[PDB]
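Participant: Residue-level listing of the chains:
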Amino acid sequence: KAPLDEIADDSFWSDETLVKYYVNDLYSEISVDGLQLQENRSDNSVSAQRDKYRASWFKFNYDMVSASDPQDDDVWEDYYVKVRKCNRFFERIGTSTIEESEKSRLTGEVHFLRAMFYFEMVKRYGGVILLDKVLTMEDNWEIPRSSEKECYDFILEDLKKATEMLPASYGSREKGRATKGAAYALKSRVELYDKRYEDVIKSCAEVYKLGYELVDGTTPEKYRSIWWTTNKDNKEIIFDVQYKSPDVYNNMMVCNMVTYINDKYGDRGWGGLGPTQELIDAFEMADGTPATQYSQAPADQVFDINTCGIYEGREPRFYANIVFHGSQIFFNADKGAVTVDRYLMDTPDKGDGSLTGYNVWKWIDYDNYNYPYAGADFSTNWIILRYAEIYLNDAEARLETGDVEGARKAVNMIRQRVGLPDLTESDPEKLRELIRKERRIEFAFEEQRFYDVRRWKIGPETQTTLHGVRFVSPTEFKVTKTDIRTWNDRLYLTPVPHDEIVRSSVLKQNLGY
Amino acid sequence: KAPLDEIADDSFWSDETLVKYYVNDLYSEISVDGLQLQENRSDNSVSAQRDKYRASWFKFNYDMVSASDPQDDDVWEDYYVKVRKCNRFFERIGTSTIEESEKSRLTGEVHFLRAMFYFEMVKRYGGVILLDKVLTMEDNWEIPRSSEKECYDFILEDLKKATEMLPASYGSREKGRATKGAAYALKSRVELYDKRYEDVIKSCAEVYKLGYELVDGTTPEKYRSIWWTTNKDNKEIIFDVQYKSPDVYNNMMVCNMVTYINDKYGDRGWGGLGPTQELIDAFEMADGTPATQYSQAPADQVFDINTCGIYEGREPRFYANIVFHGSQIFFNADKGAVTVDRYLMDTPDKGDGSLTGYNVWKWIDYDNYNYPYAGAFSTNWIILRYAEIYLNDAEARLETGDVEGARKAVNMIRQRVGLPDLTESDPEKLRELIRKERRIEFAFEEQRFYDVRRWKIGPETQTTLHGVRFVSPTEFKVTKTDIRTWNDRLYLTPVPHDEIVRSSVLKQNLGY
Ligand SMILES: [Cl-]
Numbered sequence: 026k027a028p029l030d031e032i033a034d035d036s037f038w039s040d041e042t043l044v045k046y047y048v049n050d051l052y053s054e055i056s057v058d059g060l061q062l063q064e065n066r067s068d069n070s071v072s073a074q075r076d077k078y079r080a081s082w083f084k085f086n087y088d089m090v091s092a093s094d095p096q097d098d099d100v101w102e103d104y105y106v107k108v109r110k111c112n113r114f115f116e117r118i119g120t121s122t123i124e125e126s127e128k129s130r131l132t133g134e135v136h137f138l139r140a141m142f143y144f145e146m147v148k149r150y151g152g153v154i155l156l157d158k159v160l161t162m163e164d165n166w167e168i169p170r171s172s173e174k175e176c177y178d179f180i181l182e183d184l185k186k187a188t189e190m191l192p193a194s195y196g197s198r199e200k201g202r203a204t205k206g207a208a209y210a211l212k213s214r215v216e217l218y219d220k221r222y223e224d225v226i227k228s229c230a231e232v233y234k235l236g237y238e239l240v241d242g243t244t245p246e247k248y249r250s251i252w253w254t255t256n257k258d259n260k261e262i263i264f265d266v267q268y269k270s271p272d273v274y275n276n277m278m279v280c281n282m283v284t285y286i287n288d289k290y291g292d293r294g295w296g297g298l299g300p301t302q303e304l305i306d307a308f309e310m311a312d313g314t315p316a317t318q319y320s321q322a323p324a325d326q327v328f329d330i331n332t333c334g335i336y337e338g339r340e341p342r343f344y345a346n347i348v349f350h351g352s353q354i355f356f357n358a359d360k361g362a363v364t365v366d367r368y369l370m371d372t373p374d375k376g377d378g379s380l381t382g383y384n385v386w387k388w389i390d391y392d393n394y395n396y397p398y399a400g401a405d406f407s408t409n410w411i412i413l414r415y416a417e418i419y420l421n422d423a424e425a426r427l428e429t430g431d432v433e434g435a436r437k438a439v440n441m442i443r444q445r446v447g448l449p450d451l452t453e454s455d456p457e458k459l460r461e462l463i464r465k466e467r468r469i470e471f472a473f474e475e476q477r478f479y480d481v482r483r484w485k486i487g488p489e490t491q492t493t494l495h496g497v498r499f500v501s502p503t504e505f506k507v508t509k510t511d512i513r514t515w516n517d518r519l520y521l522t523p524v525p526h527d528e529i530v531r532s533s534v535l536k537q538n539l540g541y
Numbered sequence: 026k027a028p029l030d031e032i033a034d035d036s037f038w039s040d041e042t043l044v045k046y047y048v049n050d051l052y053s054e055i056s057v058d059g060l061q062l063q064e065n066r067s068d069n070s071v072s073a074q075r076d077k078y079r080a081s082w083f084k085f086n087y088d089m090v091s092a093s094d095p096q097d098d099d100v101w102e103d104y105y106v107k108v109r110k111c112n113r114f115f116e117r118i119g120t121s122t123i124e125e126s127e128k129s130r131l132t133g134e135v136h137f138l139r140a141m142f143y144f145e146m147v148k149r150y151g152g153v154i155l156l157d158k159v160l161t162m163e164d165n166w167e168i169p170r171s172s173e174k175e176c177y178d179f180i181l182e183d184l185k186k187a188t189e190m191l192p193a194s195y196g197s198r199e200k201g202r203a204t205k206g207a208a209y210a211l212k213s214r215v216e217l218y219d220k221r222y223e224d225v226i227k228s229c230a231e232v233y234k235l236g237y238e239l240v241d242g243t244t245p246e247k248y249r250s251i252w253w254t255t256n257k258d259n260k261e262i263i264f265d266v267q268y269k270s271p272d273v274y275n276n277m278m279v280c281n282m283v284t285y286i287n288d289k290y291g292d293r294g295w296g297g298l299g300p301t302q303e304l305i306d307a308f309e310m311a312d313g314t315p316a317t318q319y320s321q322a323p324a325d326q327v328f329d330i331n332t333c334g335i336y337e338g339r340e341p342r343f344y345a346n347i348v349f350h351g352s353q354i355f356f357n358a359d360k361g362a363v364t365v366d367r368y369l370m371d372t373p374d375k376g377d378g379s380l381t382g383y384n385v386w387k388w389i390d391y392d393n394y395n396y397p398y399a400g401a406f407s408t409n410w411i412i413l414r415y416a417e418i419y420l421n422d423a424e425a426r427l428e429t430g431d432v433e434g435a436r437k438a439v440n441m442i443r444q445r446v447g448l449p450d451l452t453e454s455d456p457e458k459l460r461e462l463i464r465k466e467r468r469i470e471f472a473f474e475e476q477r478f479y480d481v482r483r484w485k486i487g488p489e490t491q492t493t494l495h496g497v498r499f500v501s502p503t504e505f506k507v508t509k510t511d512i513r514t515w516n517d518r519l520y521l522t523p524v525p526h527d528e529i530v531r532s533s534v535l536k537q538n539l540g541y
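Sequence lines, in order, name chains A and F.
Read in order, the letters of the first sequence correspond to residues 26 to 401, 405 to 541 in the UniProt record's numbering.
Read in order, the letters of the second sequence correspond to residues 26 to 401, 406 to 541 in the UniProt record's numbering.
No lab work stands behind these hints, which were simulated from the structure alone.
All residues carry an ideal CB built from backbone N, CA and C; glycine is no exception.
Errors might be hidden in some of the hints.
[As the list claims (entries may be wrong)] Cβ-Cβ distance ranges computed for the label pairs, FRET-style: (1) F/534 - A/288: 23 to 33 angstroms; (2) A/94 - F/492: 22 to 32 angstroms; (3) F/163 - A/362: 21 to 31 angstroms; (4) A/93 - F/375: 20 to 30 angstroms; (5) F/157 - A/106: 25 to 35 angstroms; (6) F/93 - A/311: 44 to 54 angstroms; (7) A/360 - F/157: 30 to 40 angstroms; (8) A/236 - F/398: 47 to 57 angstroms; (9) F/465 - A/93: 38 to 48 angstroms; (10) F/312 - A/34: 45 to 55 angstroms; (11) A/374 - F/163: 24 to 34 angstroms; (12) A/353 - F/163: 19 to 29 angstroms.
The task is simple: from the sequences and hints, build the whole structure.
Facilitator: This is how it looks when you write it as structure tokens:
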């Protein structure tokens, strides 16, 4: 909890190695939700833990959160500690005897990190308490929340300072640090979240000049390779973290891995994310044609996986993201590829089996990894910022600006890279939905859907009755209801924890809580 | 959260400075509850936040905790992280190129710390998951809880190793670190909790030889001086932490400071601990005579602070622990001493005002400190004091049948506050006298909760608690301050629900 300098002697900020270790500690404060609870609080997923952790984790889905049970994932509590560690750096770096150029670059990294930490809070609660110094007894602690606009201004001023102080690239040893590109890329998302469209376009223009390149995704394997640990050096990654959780209970891969693969491997997995029939329906055919829609099918209707072509002829991102009945995974594991069976094996009736009939692929390296048996690190390459987002943030801001042709050109870059034909749509209202739909498919299971629904204000449309599939034979299935969700507009903001509000007279709760 | 070595280069454990920093990080993992929630969950205090944080902090007081709302103070979650950091030290210290003697002492400090971290868990949940290595993907994580006996064995084996490897004393620079005495002192406490009485006596005998000495407490000022920052070098301290919380909302002093002292100073305090009438009633007269008892007084009855002598003629520990109506505090602050007023100023009707008519003194340095103005405040938390050796010894000696020995030991604690010696020869009666002495001596030192739990006296203590309300500058009435209840399941803290559902082999405590 305490900043790193509290462990050392009254000569820490002079030592370049200790100051470099302090910044490493700040990077170590980047948190990854292995359980992807926000995604499971969106129309993209129904958790395999829907029933097991209903009251603990998914009260949002039924508008049952309150200030007393906020289910904020302790972001308010945790992220102010992270911010405190940044503010300390900023307080003590001035007196540092380190070289001006190195001191400047490190300060830039802390600006990027502080911006990133505040953005995690702002995207949830809206306006927060803005702190640029480490509070002491000398300070007044009854500090009100600033406006959301002020908070977005604070984040963006930190990212402006970051773009001015960070390098575009690093040497072999320092690869993984924040770049000029990472700062501009985060800036464009923060600006898009606050509807600063003229600014988004400018930020995107900067990233286009920094030599990033979209990985070829004309095959499912090719697209999935963005997330491969053996491809961690590709030109699409702008900012990432190799997340290797200590415990099996919080390990991002094991938590979202198919459970009943125990005919060849084991039941070490927890199922985790359960892609919905609504998301499956949104994946287009390889030629840019819509697929058959199954979500609104009557429950007594039986389909044959081979007569209907439910999992046949889809665009590469479908096979890249979705583990479905008959999917082959773990090709380069001992014993080779295992075929996923929703009829006999991974069933909703079994504990931690998929309730939707689907599991996530994407950042799970089923292509290269071996099965995580107990005996004899299963990290995830969590890509916080990808080059694909620059195009989609640009497409979104360009449309809202009136540049329909620029928007079309930008979103068609994302479609071109998966062999999808170009969008032709000239109507702004129709083109907006097409961009939004592309964003959903592009960034599925990348912790964005929940904030896209929130910022686009499409909660009533998405938090409804969600569906999945259930197999009645090795070849046949029925469409099922997987979650009966509801909505209230207060859910456009996360409640501030009750104990925090009662602590301060000036601290005000979000509307509806 | 991650061990310190994860931030540095693959040459960390060779560097003596980095290894020394790792152990500093392990010491930094020692947590102090500035709000003293366990004490506020005992018959010694009714928090000024009784109503404000009823459902978040004090569900224990009304048997309303559950596996889903355990109110365990996140000890299970947090302490396994602390233990993980210890186990990594033990895994990687072998490869260290540091001097054998320094390496041995440091390893001893980590044994003491790991024992201390597991004891915080065991004293709450009972049996826990015993881990001596850092779990990896290679390991099976479905590990059941060990028995409470096994857990006490683990803690005590760590403390045995600590006594063998730690020095009795340090130089000026290394003062504050775990000593041989601290390890023996913690051992005696852990042994007493697990009713290993023959062992307690042996552990206490060792501390008596290590040159500790009880501070003279024949005056309230003298007794209070144990917790003075200007007396941090006294011979009574066995193990302590100078706790200086970052925020005003978690600062041990501000949280438990009299709120309405704003006639001379301010309203920066939050009241916090509210000594009960029940505890006030337990403080004897200076001559070892019982005081008048007021807790069961009728509510319509009015008393005069001067005709009755409620706060007059008490033994030094009374004035050393309790801030009551008419108490003078902040003598050596600018503007000088302020007099506490329960009639006009610090009233239960005011927010964060004392609901009992009392506030804690003890470790709040109202003698020396200046008022914490928000212009331009650490507590010396003494985890282990020499006074405990005598009382742990007295306890174990009585249960062993050494009534003469038990009397001798408890009379050491009474002698230092000018109280006459106990004469009681009956073991059953002497038991209660020792338990009574323990309550007064260690009031507001996070022990009462665990004393009630281990002695199994929950029904007797978690009832209707009382306090006072002033109706004039001189007159007061006795009030109900908390209507508590009890259930025997409260003799153990529930294991958090999400932890239980995670594992087939992980079993919940009885009643939850
Ligand atoms: Cl304040």
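Participant: Confirm or reject each hint.
Facilitator: Structure-based check of each hint:
| no. | hint | verdict |
| --- | --- | --- |
| 1 | F/534 - A/288: 23 to 33 angstroms | holds (25 angstroms) |
| 2 | A/94 - F/492: 22 to 32 angstroms | holds (30 angstroms) |
| 3 | F/163 - A/362: 21 to 31 angstroms | holds (24 angstroms) |
| 4 | A/93 - F/375: 20 to 30 angstroms | holds (25 angstroms) |
| 5 | F/157 - A/106: 25 to 35 angstroms | holds (29 angstroms) |
| 6 | F/93 - A/311: 44 to 54 angstroms | holds (48 angstroms) |
| 7 | A/360 - F/157: 30 to 40 angstroms | holds (33 angstroms) |
| 8 | A/236 - F/398: 47 to 57 angstroms | holds (56 angstroms) |
| 9 | F/465 - A/93: 38 to 48 angstroms | holds (40 angstroms) |
| 10 | F/312 - A/34: 45 to 55 angstroms | holds (53 angstroms) |
| 11 | A/374 - F/163: 24 to 34 angstroms | holds (31 angstroms) |
| 12 | A/353 - F/163: 19 to 29 angstroms | holds (27 angstroms) |
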